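Visitor: Each chain, written out:
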Amino acid sequence: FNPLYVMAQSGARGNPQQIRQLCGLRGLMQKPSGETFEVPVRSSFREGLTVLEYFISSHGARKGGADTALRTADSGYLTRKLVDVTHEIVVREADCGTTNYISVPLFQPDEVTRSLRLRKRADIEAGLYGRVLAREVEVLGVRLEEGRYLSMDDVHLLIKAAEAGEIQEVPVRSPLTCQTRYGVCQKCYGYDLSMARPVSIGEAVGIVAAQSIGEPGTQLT
Amino acid sequence: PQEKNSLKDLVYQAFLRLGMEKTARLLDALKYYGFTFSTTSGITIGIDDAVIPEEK
Amino acid sequence: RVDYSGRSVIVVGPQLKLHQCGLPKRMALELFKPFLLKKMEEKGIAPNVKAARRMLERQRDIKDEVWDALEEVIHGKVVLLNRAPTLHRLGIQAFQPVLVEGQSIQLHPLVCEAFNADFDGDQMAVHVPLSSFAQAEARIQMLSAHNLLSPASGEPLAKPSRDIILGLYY
Amino acid sequence: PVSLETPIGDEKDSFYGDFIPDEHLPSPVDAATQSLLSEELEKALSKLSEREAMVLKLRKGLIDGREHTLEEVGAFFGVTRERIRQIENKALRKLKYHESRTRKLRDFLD
Amino acid sequence: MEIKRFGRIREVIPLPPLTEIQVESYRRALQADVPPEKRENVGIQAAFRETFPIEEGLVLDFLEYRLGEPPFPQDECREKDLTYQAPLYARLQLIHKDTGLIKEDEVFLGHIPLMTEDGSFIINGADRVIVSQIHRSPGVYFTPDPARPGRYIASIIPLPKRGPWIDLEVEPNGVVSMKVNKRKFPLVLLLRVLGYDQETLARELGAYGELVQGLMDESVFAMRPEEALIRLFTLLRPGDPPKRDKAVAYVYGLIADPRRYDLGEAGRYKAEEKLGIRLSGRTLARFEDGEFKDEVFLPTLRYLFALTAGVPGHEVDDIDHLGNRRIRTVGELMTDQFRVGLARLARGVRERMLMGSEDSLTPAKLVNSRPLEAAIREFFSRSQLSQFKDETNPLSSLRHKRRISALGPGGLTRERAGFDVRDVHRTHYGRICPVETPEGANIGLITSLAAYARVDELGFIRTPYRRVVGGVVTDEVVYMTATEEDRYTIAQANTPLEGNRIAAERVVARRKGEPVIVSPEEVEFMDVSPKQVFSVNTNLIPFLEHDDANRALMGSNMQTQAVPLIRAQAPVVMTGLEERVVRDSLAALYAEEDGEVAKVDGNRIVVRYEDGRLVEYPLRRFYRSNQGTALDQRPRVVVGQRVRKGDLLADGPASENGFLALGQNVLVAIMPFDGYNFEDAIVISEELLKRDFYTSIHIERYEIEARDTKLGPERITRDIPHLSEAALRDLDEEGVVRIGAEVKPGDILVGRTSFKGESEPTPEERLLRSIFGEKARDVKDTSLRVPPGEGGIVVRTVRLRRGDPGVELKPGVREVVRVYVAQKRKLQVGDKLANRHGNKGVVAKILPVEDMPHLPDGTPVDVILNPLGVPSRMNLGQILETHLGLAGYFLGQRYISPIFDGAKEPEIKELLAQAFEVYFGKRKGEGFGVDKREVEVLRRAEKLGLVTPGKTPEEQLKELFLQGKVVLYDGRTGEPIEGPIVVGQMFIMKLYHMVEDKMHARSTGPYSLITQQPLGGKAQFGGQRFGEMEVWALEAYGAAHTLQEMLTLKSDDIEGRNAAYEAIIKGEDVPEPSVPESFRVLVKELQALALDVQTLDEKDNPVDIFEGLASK
Amino acid sequence: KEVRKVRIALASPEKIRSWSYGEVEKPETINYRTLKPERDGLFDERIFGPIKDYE
Amino acid sequence: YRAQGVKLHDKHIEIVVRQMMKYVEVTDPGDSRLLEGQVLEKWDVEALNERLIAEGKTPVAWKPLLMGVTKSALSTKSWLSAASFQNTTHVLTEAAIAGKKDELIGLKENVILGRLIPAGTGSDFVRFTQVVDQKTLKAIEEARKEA
Amino acid sequence: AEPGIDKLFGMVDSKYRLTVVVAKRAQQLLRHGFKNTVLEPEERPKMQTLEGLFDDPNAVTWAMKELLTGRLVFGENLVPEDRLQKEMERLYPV
DNA sequence: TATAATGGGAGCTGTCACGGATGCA
DNA sequence: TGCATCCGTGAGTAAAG
Ligand SMILES: Nc1ccn([C@@H]2O[C@H](COP(=O)(O)CP(=O)(O)OP(=O)(O)O)[C@@H](O)[C@H]2O)c(=O)n1
Ligand SMILES: [Mg+2]
Ligand SMILES: [Zn+2]
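Chains as they are written, first to last, in the deposited numbering: chain A, 1017 to 1237; chain B, 905 to 960; chain C, 622 to 791; chain D, 314 to 423; chain E, 1 to 56, 63 to 1118; chain F, 3 to 57; chain G, 1356 to 1502; chain H, 2 to 95.
Treat the hints as calculated values from the structure; they're not laboratory data.
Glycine included, C-beta positions come from ideal geometry on N, C-alpha and C.
It is possible that part of the hints are untrue.
Calculated cross-link-like contacts (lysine-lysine; reagent style DSS-like; alpha-carbon spacing at most 25 Å) [stated by the list, open to error]:
1) G/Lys1426 with F/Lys7
2) F/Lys38 with E/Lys786
3) F/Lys54 with E/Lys762
4) H/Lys36 with C/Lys659
5) D/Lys417 with D/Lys403
Some chain A residues near chain G, calculated using beta-carbon distances under 8 Å [stated by the list, open to error]:
6) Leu1098
7) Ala1138
8) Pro1232
Turn these sequences into a full structure, and let the hints steer you where they fit.
Guide: Listed below in structure tokens is the structure:
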């Protein structure tokens, strides 16, 4: 029940590396050239750094501050470009009637080139959650019907089926293959993720896309 | 022990199963009791809380 | 630049309900001024609109009943709070304003994340949607308590954080 | 003269002209006060008869923009200039009485 | 109280005069105390010598200059909106060469601003500060070519705007090029013009890898110097007739004219040191005996070829080394602007010399002083480096005076500043503080002079070190540049010494910044103090060694933002620097000699000195600073006091008995509190408002002019139409509000009437007039009222009238009235607090005292900080401070803990033990045992591993108190906080960001001229900007109607906004909007570019958005 | 009628003259004494219109 | 985004990439008025090819084109959007020479004119909806039932 | 959250259609002085002033609470616009 | 309204990356 | 048909200033 421990464990405050700098050692430091000092900061913040340790660290601190400063502008410019490309894209109809789709893979070639191994859960979720199946799927004795909006449980089920060797890729309606002019249809877009239900015709989907890609832009290290 | 992830999953499940009205009520309740309990829990920070381990 | 808009320092206010914010009385008097002139004339507070405006022009002329009239003006209405940078759509959200003494806007804790707001001096801007249409849009589509999941990931966005998580964990 | 695009501050952010308010166009308060004034004047003129209201509107310029002489209003209504001046006077007197009674036009006098 | 101090490092030298950079730079540039004949060829004297003589035939030569006395003293200039300045006279003589006539005169050139004692300026009544600029030092550099690896660029850089950059390069085709004014030509040609012959170049450069053959061109040696000179003039001036004297003039002005080309004296020295040569002047070549003689070019070419081949002793140069970046202080910048004004004056002089009755031409008839006056006035009023002085508190002014900028005239453009410039270079050690820089866009470009750093005469920053001979540490101190510093092994200031001898076998030192463990035999120098690595602000942070740098930066910066408090206190934990900062900032007053104090007053102190003389120090009382904070001095001695030299006589603003007092010592509990301190918010006790803690005095200045009009005069009057006595209650006979009144928003401060614009009353107006039988007055109410959300107590009125003695206003204005309004600001919800460790937050809740967590003996805490602010930020120093504060609460003492050399945990534990005795043995004597709730908290603590099981209640409470934690009772229930809580004394400041200044709101108000959109800013009653991204937010919600309101009804749909306001005051729904006026402006501005823009309908038939008003 | 399209195209000298209400012949703005617009200058009321409504 | 721990649905990236693939390059005009190397929207070339096949003519041979996000935004059809983005004089000279008409399909164009954007409550799919109580609805059904 | 918001979203095929219906109904109420309300006297939304409970002045609150009852019909092309306007002015004047 | 007068001064500089048009071999 | 090379253009929001 140590306060640092509880705060870090619960997700209220702090991560392991900050707690380490408080209790363990401060660690290795960077020179202005990006090359590392051979001599680490052996002191934690509790023990107190030496003048030389403090100075050695100020390089990396300033580098990170300048990084953030120069990054916010590039992120904002990127977001404005994304807004200008996507802004006319709106959900303009319920179904363009296309028969085209994309197949989200559930496996990816191992870097060993050895075999195929299952993708990460979060990655498959970000690829499948809230999408409409373009084709019948029959896995683990369940029928996932064409036209179905994949709930989160539907996604975990498909992950189970893949783990059992019953499916390698899922066919899914996607804006890549939608045929609605000046926009996108409802079935091809899928969920209004903010509501866990099918999107309402009229949603400014392109603006939402730009803002979703841009808003974490300043976190990209 | 309820923590960031499990509370997030509680909010999402409550959303799906009960709607945004009841989920908003749930969120306000969580806020009320979390604040109340954290007040009287005894949580603080003194220098002897940054415990240097012996293995160092 | 736009009318019926203000800005102030933000402050936590944990007693609020998710659909609420704390709006300082003077801000509200100015932002809702035409509504207030009309409602003052509806009651007995002034003979007409121009007398009501002259009565509000000086601070020492302003009497208690006008404040009660303000409460009738804003009833059920919502205001938009905004924090820059407006990185995504939850940088603007709609709240039912709870009038307060003092000069700080009160911001519900569970929305801070979506605004990237903390209370180290941040400031937010207020906007008054005027028409029945704009008011219905704000109350249905932009209300805080209706926007709980992320449009980007779909995961909860208004959720327990620092002290809330801390007490529950404890 | 000085440039409206003179820089203010050390960025390229603001112009000097951005702080100059437009005095020419009427403010929404001004337009609204003119509108309420015209409507209250019609309210108070409906408490006269049609002729005294029309004589006042002709003699003060609310009809065609200009003020007519007593001889013109008298030729229009078909009366003597003394009679048109007398009905203008009695119209003004009725308006003064109604205003003392209801006070519905005082606040517009600034 | 007692001041115990820690620390084992004796500081050999004190901190230098902290404003010496400013004051000494300006003194050197002016030489006002030097008798003219003894002046050096520097500063404005050097500017004069550069401009003069002026020739062509007549000649105007400069003998000397002199600076008179200021027409008005500093306070009078602050009041009358005047510049504190000295008249500048120059003694000149005209000579006609043929006539021999010599007319001599002292001409008046205008005024030069004088620097005040504290290193600031007074321009047009407002204090300003000229910020030192950092730039690349002039000299000859060798950098790597980023395209071709094995090739290197030779760059020859003079002073800013004192010649062209010149690049030398070895091309892929082997010939050596010279880039100047963006023109690449073979260097061989210029080498020929210098009088060099193939024999000399062959014997000078033949050794290098056959590279000299790329210099061998036969067509160049085939011609004599004159033909090569004309060839070069043709290569540099396409189209200019290649005359002989024209080419000589151009090349001389480009390469050898000391009036056009100028390396710095620093550029001169650095070229000499790099190329291993000696320079005669500060130019690359000379004109001697009719021909050109080289100085720099051949040495540079030799070094370039040697570095390219690889012969040793040649290295590329680090251009961010602080031996290659220098500082341009106040004096150099002002001298440059002076030199430009002088050049313009000389152009005018020659202009008048050519024409005019040459029989009667005096110096007074040739000098128009206006161009020089204008250049200086421009520098001091509108330069990027001439900044409005920050005098929020005295430390604000000190830090402002000691700041270094890389921006400004001659510096870097932002967005043209990559990582390299903003890095903290290794050579920043001891010279430029590594933490005091802004967060945001300017990071790493605005920095601060380190505390022991001085700038030498060449402009390089120097830091002091101690000499170490045979392991013995002398008291001889040596100030080094970074170039010099790189030659030595320099130990750390904390290396343990017995006497003067290094007492450690292994010693931590630096070699070219690299850290290295070294023996005492190898140590050559040693740091003076840890204080020398950081700025003054950073040196005010106790326990700095326990704080992450990112938060130290914030605490450092935020001390600058501290508001002087009527009951300001010095911190209970200090760094030992709090007194120097008060002294050097000229905040407080001190005794000039030993003496006895004769008189003491709220307004003045009179001292009898040992000389028997009576000296009277008046006190500045409730004066308004640039930022509106109050600057009053209060006397701290009493009638009959004996005072030695340098003893305190008066406390300045934010000073407590001569100690820097930027805030309050409050009693802090570090715990969450019902969400009211969620995410950095702070909870405070009403007891702070009760005893006027965090209360500050603020003065605002209001101003109004009455001018002459083409429609009649404005006049300040009490006779304002249509106003009751209720509206005119506190106005004096002349129309100005009375001193002492309480003014609220809407109250008149100064009555004024203005003649109405020419207007035919609308028929509605005429009929309303007839009904009410009252003539419309000639004038209208234009009085100066209190703006929304302001007010206070009138404390001063200034009135100036045309026709009054000493008074002359700008053309047109009849009179000027200024009203000064004071206000006492208590702390309130929204105000900003911070401590010196980067913990900042906004007061979110003020509880009544009975809700405040209290100690068992009934004492409630002052503020409640949330522990979730610490771990992520890693500023543990505020924790240690709190611990020490706790001890100080009960021992009744304050502490001095030098940074990196201060109180450690064991000594704080000793103090805490003593304090616990004072805190608990008192209880045991007074006849009370341990409380039941204390037992319950002790059980909880025993489960937490904080106390050992089986000890007594008192022993366990002592264990907790040694950890800095105490039992704390909830004021609302009387039940204890289930855990023991960290409670202690912390120093907390009230920052300049107060909510009273920021809250703003608007329904309708002023609109802009062309756009017809709302103005911006609180002062303009402006509207908020709903920008591109706010529009995206509304779009992504699909709030089409809310968005259309923003775009039409609320901004610049004229008919729309009017109709909306009318509908709302009537109680109707707002009408559908129409075209925004700025789109009509777009259509017309495109028509102005010969583009026809046409709004059509679906039948492709035009639609008129101008309603016919612009179609004939 | 309702706006549905916005066209942009080059303007002929005849089109530019069709827009114009008068040729600006003098480089003068307003009179230094009257503070009224100069005749045939950049602010002439004969070309661009009345400064006061209906006057 | 995964490396920084940002969860983000593929939908949004797909929308943007779809705009990146909006255009195509002609390789043989067939029976068309187009030119080899001309660049145009894939939708327009597919409409033309269907109109030429329905007319029995030779279709336009075309090749897929990938342009980055800036060039895709500048190449869009609406000249108001492109001119307000960037490279304003270039967009404007080409549009004015071409006599372009901006049909106001998107959001920027309508924002510039202060019109009601074609999304949300502004969508043609929902903005024409009516509301009426059953009392008034029956009172009007009676009027339709009388005539 | 708005009382009964989940059922309201259940009523429409697009959330924006709910907003258009609510805003049009609210304008209908404001124009006709609430005389056309489909709420019984007990279903009236009330506002607690200093005197006592009074009719809620907020037409949007009214329109949503009406929508929740089922007593409103919404759709596209239910009636010509001027027939609707004139019939409402007949049944409930201004 | 008349000695004769006959070709100009200021540059000013620590990005940066891309995209697209021009220039050479 | 392929490269070097040059010129033009853009480089975050709100606040105050
Ligand atoms: N130039 C600037 C300066 C400020 N801002 C805005 O203000 C906030 C500063 O974050 P912050 O640094 O205060 C986050 P902190 O509270 O320190 O740590 P935490 O993650 O543990 O909560 C950002 O979220 C930005 O949106 C900006 O956009 N550009
Ligand atoms: Mg913040
Ligand atoms: Zn589709």
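Visitor: Give a verdict on every hint.
Guide: Taking the hints in turn, this is what the structure says about them:
{"no.": "1", "hint": "G/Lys1426 with F/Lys7", "verdict": "holds, 24 Å"}
{"no.": "2", "hint": "F/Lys38 with E/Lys786", "verdict": "holds, 23 Å"}
{"no.": "3", "hint": "F/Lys54 with E/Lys762", "verdict": "holds, 15 Å"}
{"no.": "4", "hint": "H/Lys36 with C/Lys659", "verdict": "holds, 21 Å"}
{"no.": "5", "hint": "D/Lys417 with D/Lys403", "verdict": "holds, 20 Å"}
{"no.": "6", "hint": "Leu1098", "verdict": "holds, 6 Å"}
{"no.": "7", "hint": "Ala1138", "verdict": "holds, 6 Å"}
{"no.": "8", "hint": "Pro1232", "verdict": "holds, 4 Å"}
In terms of the numbered hints stated before, the structure departs from none.
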